[PDB]
Structures are given as C-alpha cells and as structure tokens.
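Listed below, chain by chain, are the residues.
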Amino acid sequence: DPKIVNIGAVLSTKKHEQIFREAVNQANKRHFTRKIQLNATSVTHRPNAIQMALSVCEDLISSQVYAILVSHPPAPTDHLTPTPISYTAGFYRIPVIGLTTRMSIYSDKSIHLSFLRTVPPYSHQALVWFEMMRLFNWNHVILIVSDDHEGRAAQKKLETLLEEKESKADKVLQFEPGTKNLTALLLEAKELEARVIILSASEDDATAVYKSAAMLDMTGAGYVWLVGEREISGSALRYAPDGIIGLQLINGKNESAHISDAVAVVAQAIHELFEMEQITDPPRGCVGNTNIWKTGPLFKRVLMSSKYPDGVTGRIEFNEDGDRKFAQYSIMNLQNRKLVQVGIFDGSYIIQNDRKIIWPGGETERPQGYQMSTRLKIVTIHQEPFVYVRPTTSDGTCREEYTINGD
Amino acid sequence: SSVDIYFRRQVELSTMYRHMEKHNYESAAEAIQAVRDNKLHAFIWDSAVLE
Amino acid sequence: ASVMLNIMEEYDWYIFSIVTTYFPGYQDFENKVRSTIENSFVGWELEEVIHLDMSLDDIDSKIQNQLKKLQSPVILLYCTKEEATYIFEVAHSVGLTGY
Amino acid sequence: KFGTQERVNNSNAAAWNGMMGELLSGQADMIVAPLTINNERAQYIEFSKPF
Amino acid sequence: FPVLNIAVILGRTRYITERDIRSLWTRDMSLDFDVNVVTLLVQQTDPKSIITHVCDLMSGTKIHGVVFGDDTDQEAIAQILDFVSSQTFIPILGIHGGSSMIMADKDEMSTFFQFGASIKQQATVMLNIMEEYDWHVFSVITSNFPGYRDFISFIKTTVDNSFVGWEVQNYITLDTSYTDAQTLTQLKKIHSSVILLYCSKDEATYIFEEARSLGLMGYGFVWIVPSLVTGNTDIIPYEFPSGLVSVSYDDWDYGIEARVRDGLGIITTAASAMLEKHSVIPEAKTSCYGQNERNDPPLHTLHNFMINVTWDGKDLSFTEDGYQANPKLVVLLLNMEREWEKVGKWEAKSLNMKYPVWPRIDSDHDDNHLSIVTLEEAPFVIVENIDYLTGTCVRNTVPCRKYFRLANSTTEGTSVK
Ligand SMILES: *[C@@H]1O[C@H](CO)[C@@H](O[C@@H]2O[C@H](CO)[C@@H](O)[C@H](O)[C@H]2NC(C)=O)[C@H](O)[C@H]1NC(C)=O
Ligand SMILES: *[C@@H]1O[C@H](CO)[C@@H](O[C@@H]2O[C@H](CO)[C@@H](O)[C@H](O)[C@H]2NC(C)=O)[C@H](O)[C@H]1NC(C)=O
Ligand SMILES: *[C@@H]1O[C@H](CO)[C@@H](O[C@@H]2O[C@H](CO)[C@@H](O)[C@H](O)[C@H]2NC(C)=O)[C@H](O)[C@H]1NC(C)=O
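Here the protein sequences line up with chains A, B, C, D and E, keeping their order.
First residue of the first sequence? That's 23 in the entry's author numbering, and the numbers climb one at a time after it.
First residue of the second sequence? That's 685 in the entry's author numbering, and the numbers climb one at a time after it.
First residue of the third sequence? That's 149 in the entry's author numbering, and the numbers climb one at a time after it.
First residue of the fourth sequence? That's 481 in the entry's author numbering, and the numbers climb one at a time after it.
First residue of the fifth sequence? That's 25 in the entry's author numbering, and the numbers climb one at a time after it.
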C-alpha cells in the first residue's frame with residue numbers, strides 16, 4: 023500500500039518550489055513505491071517575521087509533514103532568520119533539514135535541539151586550518167576571534183583539535199563586535215613570538231580589523247593570515263590586504279543541489295525508518311498538543327547515520343552535533359588584490375592547484391613562523407638569599423660593593 | 685605558599701590547613717619577624733630560604 | 149573447576165562470581181571451589197553464587213532480578229549447553245557480556 | 481606571592497597568576513627566581529632541571 | 025496620569041476567573057500607580073493559540089506590559105513565549121506553573137524571564153541537602169532538555185573548590201534514540217549513594233521504568249529531583265520510585281494569585297524608575313506583519329536597568345533568570361504514599377531540613393543507621409565546632425550531632441554542627 027507521506031519546505035522562490043516537487047517526484051522511483059507515497063508541500067517565504075511561522079503551524083503542522091526543509095531567504099536580509107521554526111517544530115519533534123544555513127548561531131542544540139543542516143558551520147572550517155597547520159608544521163599561531171557564540175565556538179573547535187596534540191593555546195585574542203577602535207590590541211600582539219595568525223569575524227568587523235592591522239603594519243612578510251569565508255567576502259576586500267589564505271565552502275551559494283541531495287539523504291532516513299516498528303505520525307494539528315513526538319529523535323538518529331556519500335553536494339556523513347562531515351572548501355589567495363584559487367580542499371586531505379603560492383612579501387615559500395625574541399623580560403620576587411633589592415643610589419643604578427671573596 | 689598545596693591535598697592535614705591559614709603572611713620578612721617578634725611561636729617554610 | 153581456577157590465577161583475576169543452574173554437580177562445584185579457593189592464602193573474592201531454573205513463568209523475572217545485582221569482572225558459568233544459550237541471551241540483555 | 485591557581489571571584493576558576501600567571505599571560509617570558517618545582521604547576525608550564 | 029496599558033491571561037483546569045483577581049489587582053493596583061487592564065483566559069495551551077491570542081490582544085490595543093498565568097506545567101511553553109519576546113520587545117513574566125518553570129539560556133535580546141533559577145544554584149541547594157546527608161553522589165547525568173552540558177560544568181565547579189572532600193562516580197548522558205542499554209550498562213558500573221536527575225518528567229517517567237530494572241530504586245540510591253520533573257505537583261507517575269527528593273517552589277507556601285500583584289507593582293516601580301526618570305516607555309506598535317524590523321528597536325527603552333528591586337518592602341531582587349535572587353525555596357520529599365511531605369525549607373544562604381534525623385525508608389534494613397553515641401574525651405574522641413564560615417565540617421573529621429538539652433521539654437533538642 024502507498025500512503026503519500028507529505029514533506030514540507032520553505033524556500034526562496036516558486037521556481038525552487040517546482041525544483042523541490044520535481045526532486046520529490048524523482049524520489050518515488052528510487053525508493054520502493056509500494057511501501058510508501060511521497061508528496062511535496064512548500065512555501066515561498068513571504069517576509070513576515072512572526073506570521074510565516076503561523077502558517078507553518080497552520081499549514082505544515084496541520085499537514086503533518088514528516089520533515090521540513092529550509093533555506094536562507096532569497097532576499098539578502100536578516101541573520102539567522104530560521105530561529106523560530108526550530109523552536110516551533112520543537113514541540114512537534116519533526117526533523118528539519120536546512121540547505122543554506124551554514125551559520126553557527128543555531129549550533130546551540132540545547133535550545134536548538136530539533137535543528138539540523140547539511141552544510142558545516144563556520145567553526146568546522148578549523149578542520150582545514152589544523153590540516154593546514156599540520157602540513158606547514160607551524161605549531162605556533164595566534165587566534166583572533168569576535169566575542170559571540172560564533173567566535174568562541176571556533177576557538178573551542180580548534181582548541182579541541184589541538185587537545186589531541188599537546189594543547190596549544192598560545193596568544194588567543196578576543197575582541198567584541200562593532201568596535202572601530204581595535205589597534206591597541208595589535209600593539210599587544212607584536213609582543214608575541216608566533217608569527218602566524220588566524221581570525222574569525224563578520225565582514226563589517228573585518229574591515230575594522232584590517233584597517234587597524236594595516237596601521238601597525240601587521241600584514242608584512244613573516245606573518246601569515248588564515249581566515250573564514252565571511253572574511254574574504256564583501257567590504258572586507260576593498261581596504262583589504264595581500265597574500266592571505268582564505269576559504270570558500272563548495273556549493274554554498276546553491277541550495278538546489280543541496281535540496282536534491284538532502285532529500286535523497288533524508289529519503290534514506292525515512293524509508294529505512296519504516297523498516298522499524300512502533301512508529302508514530304508527527305502530531306496532527308497544532309491545537310490539542312503539548313507532547314513531543316517519540317519518533318523524532320529516532321528519525322534524527324537514522325538521518326545522522328544516513329550515508330549517501332555519493333551526492334550532488336559531495337560526500338555526506340554527519341558528526342555528533344549533526345553538523346556535516348568532510349565538506350570541501352576551496353582555498354583562495356589575494357594575488358594582485360584579486361581572489362584566485364591556489365588550491366582546493368576536499369575530504370581530510372588538502373589538494374594543491376597548479377597556481378603559484380603567494381605569501382606576504384612575495385616569497386614562493388614562507389614556512390618559518392619562529393623568528394623569536396632577542397630580549398627576554400624576566401620576572402622575580404623578593405626573596406632574600408637569591409635576590410636583593412636596593413634603591414638606585416641617587417640616579418646611579420648601583421654600588422661597587424664587593425663579595426667576601428674579593429670580587 | 686606551595687606547602688598550602690600539601691595541606692590542601694592532604695585531607696589528613698585539613699585541621700592544620702586551616703590552623704595554618706588563619707595565621708599566614710604576605711612575605712618571609714614578616715613571617716620571620718613574627719617568630720623574632722615572638723608574635724608567633726612557630727614558622728613553616730622550605731629550608732633553602734630558612735636555613 | 150580446578151583448571152578454571154588455574155586459568156583465573158594465571159591472568160591473576162582474583163575477583164569472580166559463579167552463575168550456576170540446578171543442573172547436576174552444581175552444589176559440589178561450589179564445594180570444590182570452596183575448598184580450592186579457601187585453602188590458598190590469597191584474598192580472592194567470591195561475590196555471588198546463583199542457582200536458578202525455570203519455576204512457573206517468572207523465571208525470567210526472578211533470574212533478571214537476581215542477576216542484575218552482580219558487578220563482578222570474572223564469571224564462572226555452569227549449565228546445560230542450551231541453557232547456556234538462554235543465559236547468554238539474558239546476559240546480552242543485562243549487559244553482562246560486555247567489555 | 482609567586483601565586484597559585486585559585487577560584488577567580490564569582491567565576492571560581494582562574495590562572496595561578498602572580499609570577500606564573502604573568503608568565504602564562506606573557507608579561508614575563510621567562511621566570512628567574514627561587515621557585516620550588518611541583519606537578520600542579522608542572523602541567524601548565526615547562527620547568528628546567530632543578531637547580 | 026500615565027494611564028499605562030497592561031494585559032494578563034489566566035489559563036486553567038482549576039477554578040478562578042481573571043475578573044475575580046482583575047478587580048482585586050486593580051484595587052490593590054489602584055493607589056500605587058495608574059494602570060489599564062484587559063484580562064483574557066484560554067483553556068489549554070498551544071503554540072498557535074498562545075501566539076495568535078497574544079498578538080490578537082496586543083495589536084488591537086497598545087498594551088505595554090503583561091503577565092502569564094497557567095494551571096499547566098508543560099516544558100516547551102516557556103521557550104515559545106520567550107521567542108515572541110525576542111521579536112516584540114514587550115515585557116512579559118509569569119507567576120505559576122510552566123512559565124515559572126525554568127528555561128534555557130536567555131537570548132541577547134531580553135525576553136520574558138520569571139521561571140529560571142541558576143540551575144547551578146538549584147544544585148547548590150540540593151548540595152546543602154547533600155552536605156547534610158549526601159556525599160559521593162551516585163550519578164549526575166545530562167539526560168534531557170536545557171543544560172546537559174551546562175549542568176555538567178557546575179558539578180565540576182562545586183567539586184573544584186575542593187574545600188571539603190567531594191567526588192563523583194557516575195558521569196554520563198543519553199536516553200531515547202538507541203537502545204537505552206549503552207547508557208544503562210554504563211550506569212550499572214556506578215555504585216553510589218545519591219542519584220542526581222536532570223531530565224523532564226516525561227523522560228523521568230521512562231527513567232523510573234529504567235531504575236526499577238536497574239535496581240536504582242533500591243536502598244542506597246537516593247534520587248535528587250528538580251523542577252524538571254517536580255513541576256507536575258498535581259500529578260505523580262505511579263512508577264516514580266518514591267522517597268527520592270523531589271523539590272521545587274510550592275503553591276501552598278505562596279499563592280499563585282499572590283505573585284501577579286507584586287509583579288504589577290514591580291512594573292509600576294520600574295516605570296517610576298524609568299518613565300519618571302527621563303525615559304519614554306514606548307508601545308509595542310507592530311507585531312503580526314511583514315519584516316520591517318518593527319520600525320527599529322525602541323530607543324532608550326531601558327527595560328533591564330533595574331534587576332534588583334523590592335515591592336511592598338519584599339526583597340524581590342532578581343537574578344539573570346529574572347528570578348527572585350532571594351530564592352524562596354522549600355524542600356519536598358516523595359513520601360511513602362504518593363505524597364510530597366515537606367522535607368524542609370530554604371531561607372537565604374542557610375539550608376534547612378525540618379527533621380534532623382534521617383528517615384528510615386520503609387523498615388530499617390540490616391541495622392542501617394544504628395544510632396550510636398560515642399562519649400567525648402581526650403583519649404578517644406574530641407569535639408570542636410564545624411567551620412561555620414563555610415558551613416562545613418573538617419574533611420578529616422566527622423560532622424557530629426547531639427540533642428540540645430531539653431529534658432523537661434517534649435523536644436529532644438538539636439545540638440548539630
Ligand atoms: C500533497 O501536497 C500538496 C502540496 O501541499 C497538495 O497540493 C495542494 O493542495 C491544496 C488542496 O487543499 C491546494 O490548496 C494547494 O494549492 C496545493 N498546493 C499547495 C498547497 O501549494 C496536495 O493536495 C497533496 N495531495 C493530497 C493527496 O492531499
Ligand atoms: C583609538 O584609541 C587609542 C587609545 O586611546 C588611540 O591610541 C592613542 O593615540 C594617541 C595619538 O592620537 C596617543 O597619544 C596615545 O598614547 C594612544 N593611546 C595609548 C594607548 O597610549 C588611537 O589613536 C585611537 N585611534 C586612532 C588611530 O585615532
Ligand atoms: C545549482 O544546481 C543547478 C541545477 O542542479 C545547476 O544547474 C545545472 O548546471 C549543470 C552544469 O554542468 C548543467 O549540466 C545542468 O543542466 C544544470 N541544471 C540541472 C543540473 O538540472 C547549477 O550548476 C548548480 N550551481 C552550480 C554553481 O553548480
């Protein structure tokens with residue numbers, strides 16, 4: 023017997039809705055038709071802050087969708103808009119799959135427990151940096167983060183990567199967002215021995231970061247910069263520097279691929295699911311409900327273990343947090359004040375494109391990150407036998423006083 | 685002082701830990717002085733500074 | 149039983165329990181072990197001895213309640229082969245088979 | 481004091497501070513003083529062969 | 025003069041009308057500050073019903089402040105209303121039940137917040153009980169809902185002081201997704217005195233089922249239960265292996281109706297501290313349409329300028345959860361016959377248990393807790409006062425009790441600490 027098992031989604035435009043329905047129709051042929059029926063429902067996301075969600079409950083929850091897909095609004099406005107749905111479905115215990123939400127704001131699964139997305143967050147980009155750090159053998163770096171769940175998460179992830187190694191926490195630097203005056207900290211940064219730098223921030227903040235950094239001549243050769251996708255993009259580039267490593271997520275802009283891929287992957291999660299018994303349909307009707315949906319966590323469990331490595335977006339596997347695993351990034355260079363692909367990163371191993379490496383100062387290769395410090399500031403305490411303290415005799419610093427043995 | 689770690693970790697010495705704590709000093713000059721001043725009957729510190 | 153003890157001694161597994169069934173020689177097994185374990189100077193520990201068989205339809209309940217208490221690392225089992233199958237399924241449920 | 485790891489006020493978790501924390505902090509790259517060498521400190525920092 | 029606009033909602037399975045308390049609060053409300061009230065009630069809670077209704081009342085009239093009342097303890101509800109708060113910027117609070125029940129960390133934009141209490145603090149309350157009778161707790165598990173990771177740290181923070189001699193035996197997570205068994209087999213490994221629970225009553229229901237099979241229900245495995253479960257005072261799952269401490273704020277101790285007036289008073293005083301003190305208290309203005317950013321955020325709204333206030337002289341200073349920083353708490357024990365007998369009450373810093381002696385669960389077993397008195401002398405035992413500065417006894421000593429002499433008196437007397 024075939025029961026159309028509805029699915030639901032929120033997408034940027036009606037064309038993408040048609041793409042969704044098309045992929046769904048392709049879906050019946052791939053998984054067994056007799057066992058289950060697939061039906062597609064979606065919304066074009068008219069921009070109402072608290073009413074789209076109203077309709078999600080009124081229409082989609084009333085339609086008991088077995089799962090929902092979501093994408094970042096086509097209109098280029100707002101940040102992390104898909105907060106409400108994760109809460110709203112949360113009562114429903116209905117799995118949600120995001121296509122375009124690479125933002126780490128919804129990483130907080132203690133309140134975003136029902137939340138998920140195919141793309142890895144900005145924090146996971148650190149996987150690259152550790153591998154990058156691994157190749158070049160610089161164990162000494164500096165980390166500059168904005169102060170928020172995003173930056174702190176990035177720090178936690180990278181440090182966790184380092185934890186397997188002897189923990190490497192030298193020179194972490196936290197600044198708070200929206201701050202135009204940031205030079206003072208960099209003066210502090212010069213002091214530190216390590217010459218390689220990595221940073222995560224928003225585009226607006228990054229302008230201020232580079233603006234302040236250029237004043238103190240931080241960009242000069244013997245210094246290295248590693249950065250997030252957001253940093254290379256936008257206004258960050260214009261008052262922006264040269265020879266700095268950068269990252270861009272593969273197929274990040276285009277959800278449709280992620281739509282077909284996520285749906286194929288979800289299909290494994292639901293079709294396999296029905297192999298199990300004691301299943302319950304998602305709560306039908308928003309009204310009359312206060313209870314969770316017992317199946318939902320199970321649906322999450324299979325869906326996280328869904329496999330489907332072959333895919334339009336690339337290999338698919340999910341980490342413990344529900345974040346995607348081994349997403350491919352394309353390394354970017356600033357050559358001649360323009361973005362170029364020096365190499366591309368896929369899987370656990372980096373790949374080197376034919377293009378010549380660029381660094382600060384123009385050297386083909388710039389491996390050494392330990393110039394070091396000629397002068398050491400030494401500290402002590404006042405302990406009588408091994409240390410003595412006398413005031414400078416007037417201006418003169420010291421006395422010609424002699425040891426018992428004549429010296 | 686590092687011996688405080690010994691008293692800390694030594695639950696066996698908890699009694700002494702507090703007994704000690706309540707009389708502690710910012711420095712050796714005052715700690716030696718108390719015994720010299722006879723304010724405090726006993727002083728505890730590592731030998732190299734003390735001998 | 150002696151060989152079981154020698155094996156345990158060789159790996160120096162001092163602490164152990166015995167799960168047995170009403171199957172023949174169970175009482176003596178305990179007796180032989182008592183003497184063998186008792187004579188030695190060493191302070192090895194016998195944790196539990198369990199004697200169980202189906203009685204009515206609560207054998208699983210009673211067995212499960214009785215088996216659940218045990219915490220020991222090294223278990224000597226004694227029963228018919230088939231019974232061993234059932235006891236092992238039950239142990240797999242109990243989590244006693246694990247590392 | 482050279483300093484010891486202690487509860488940081490309300491936070492209750494903090495660096496040893498004093499001479500050592502300045503060292504972690506990077507105020508003083510290297511510490512030359514009469515410092516006893518112990519494991520609690522040892523995990524945090526490298527120590528030379530005892531003098 | 026000011027003529028503020030306010031709304032309050034009573035939702036319930038227990039009988040009272042908002043009108044009753046409406047006129048009451050306005051009478052009580054009347055002298056202190058100007059207020060205009062619209063009262064509405066709704067029978068059962070839903071994400072859609074509540075959202076729709078609150079937007080329905082708010083938009084029609086430009087109310088500035090409201091409160092929420094319910095006869096239900098559902099866990100999700102708080103978050104939902106909180107979500108509305110992040111977008112609206114309209115102050116909200118709640119006096120009873122679920123809204124009063126704790127919720128996950130508040131967003132950067134201020135939300136509604138009367139329910140939460142530093143869970144850490146809550147645990148320290150529980151620890152006070154543990155300090156009296158609990159050491160080497162059996163287990164602390166981040167099983168479900170908010171703070172699985174968060175609860176985990178504090179236990180460490182509590183343990184980190186190392187003032188006394190604290191320690192843990194069981195430290196795991198998990199429940200529903202796979203066989204309960206990995207967590208269960210791990211749980212089998214722990215062998216300790218007090219079980220610590222941080223899971224919802226629903227989860228707990230299953231956990232009760234787990235514990236009986238597990239053997240946790242048996243003696244030597246006390247349960248420490250928070251509001252996560254405790255919240256359903258009216259309803260206790262029979263399978264809930266009783267005698268374990270279940271404790272949260274009590275309805276009998278404080279009237280549910282009682283909470284609303286005070287809050288209204290606080291609102292009034294907030295306005296007197298904001299409005300009177302050179303500030304404009306703006307209306308909600310836009311809640312149900314488009315995405316225009318609600319004509320931007322109100323300038324100088326000053327909602328959180330005061331977090332530690334009083335009302336009627338009551339120290340109702342608030343926490344980061346908006347919660348009375350003077351936690352008014354009572355200790356409740358799951359009794360032998362489905363009853364939350366008042367185990368004790370918590371006042372300020374000090375922890376109070378009504379009965380000094382530890383109750384024998386059912387019949388005394390294997391001569392447990394034999395009452396032994398050892399005379400004190402230079403040769404064998406020696407008694408000194410506990411470190412009251414910490415409120416604790418010396419680690420290498422034993423905390424001791426005695427009966428404060430009251431021979432003539434009916435009472436045995438208490439000579440504790
Ligand atoms: C399968 O789902 C689709 C999409 O939700 C349904 O198509 C809608 O049908 C309703 C009828 O109530 C129309 O009002 C909509 O215009 C249709 N498309 C939408 C909602 O955008 C379809 O009816 C469902 N199939 C069945 C058998 O119910
Ligand atoms: C941002 O603020 C910093 C700190 O006030 C400014 O740094 C000061 O620059 C002035 C020169 O105008 C010096 O006299 C001070 O000594 C600097 N401060 C310190 C720490 O001594 C900085 O000028 C401001 N931004 C800029 C570049 O205008
Ligand atoms: C986003 O997805 C669309 C649709 O899948 C891609 O458009 C396809 O581009 C390929 C180029 O090899 C064509 O062969 C197809 O005919 C196009 N439509 C399809 C596949 O149905 C588009 O390429 C994707 N975005 C990017 C940047 O690759």
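Rather than coming from a laboratory, the hints here were simulated on the basis of the structure.
Note that beta-carbon positions come from the ideal geometry of N, C-alpha and C, so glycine has one too.
Keep in mind that a hint or two might mislead.
To be verified - For each label pair, taking beta carbons as the anchor points, the in silico distance ranges come out as:
1) D:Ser-491 x A:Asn-161: 27 to 33 Å
2) B:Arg-692 x A:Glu-406: 25 to 31 Å
3) E:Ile-40 x A:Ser-257: 57 to 63 Å
4) A:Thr-55 x E:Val-66: 41 to 47 Å
5) B:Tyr-709 x A:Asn-161: 50 to 56 Å
Stated by the list, open to error - Partner residues aside, some chain A positions facing chain D, computed with beta carbon under 7 Å:
6) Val-65
7) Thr-66
8) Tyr-392
9) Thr-396
10) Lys-399
11) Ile-400
12) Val-401
13) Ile-403
Unchecked claim - Derived pair list, reagent style PhoX-like, types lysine-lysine, alpha-carbon separation capped at 20 Å:
14) D:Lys-481 x B:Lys-706
15) A:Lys-131 x E:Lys-130
16) A:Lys-37 x A:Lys-193
17) E:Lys-212 x C:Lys-210
18) C:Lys-217 x E:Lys-130
19) E:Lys-213 x C:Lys-216
20) A:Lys-178 x E:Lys-180
Going through the hints against the structure:
| no. | hint | verdict |
| --- | --- | --- |
| 1 | D:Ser-491 x A:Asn-161: 27 to 33 Å | 29 Å, holds |
| 2 | B:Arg-692 x A:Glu-406: 25 to 31 Å | 26 Å, holds |
| 3 | E:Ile-40 x A:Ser-257: 57 to 63 Å | 58 Å, holds |
| 4 | A:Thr-55 x E:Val-66: 41 to 47 Å | 44 Å, holds |
| 5 | B:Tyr-709 x A:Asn-161: 50 to 56 Å | 42 Å, violated |
| 6 | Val-65 | 46 Å, violated |
| 7 | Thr-66 | 48 Å, violated |
| 8 | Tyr-392 | 14 Å, violated |
| 9 | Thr-396 | 11 Å, violated |
| 10 | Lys-399 | 5 Å, holds |
| 11 | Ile-400 | 5 Å, holds |
| 12 | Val-401 | 3 Å, holds |
| 13 | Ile-403 | 5 Å, holds |
| 14 | D:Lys-481 x B:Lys-706 | 17 Å, holds |
| 15 | A:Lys-131 x E:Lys-130 | 14 Å, holds |
| 16 | A:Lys-37 x A:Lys-193 | 49 Å, violated |
| 17 | E:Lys-212 x C:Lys-210 | 18 Å, holds |
| 18 | C:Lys-217 x E:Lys-130 | 43 Å, violated |
| 19 | E:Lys-213 x C:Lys-216 | 11 Å, holds |
| 20 | A:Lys-178 x E:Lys-180 | 18 Å, holds |
The structure is inconsistent with the numbered hints 5, 6, 7, 8, 9, 16, 18, although it conforms to all the rest.
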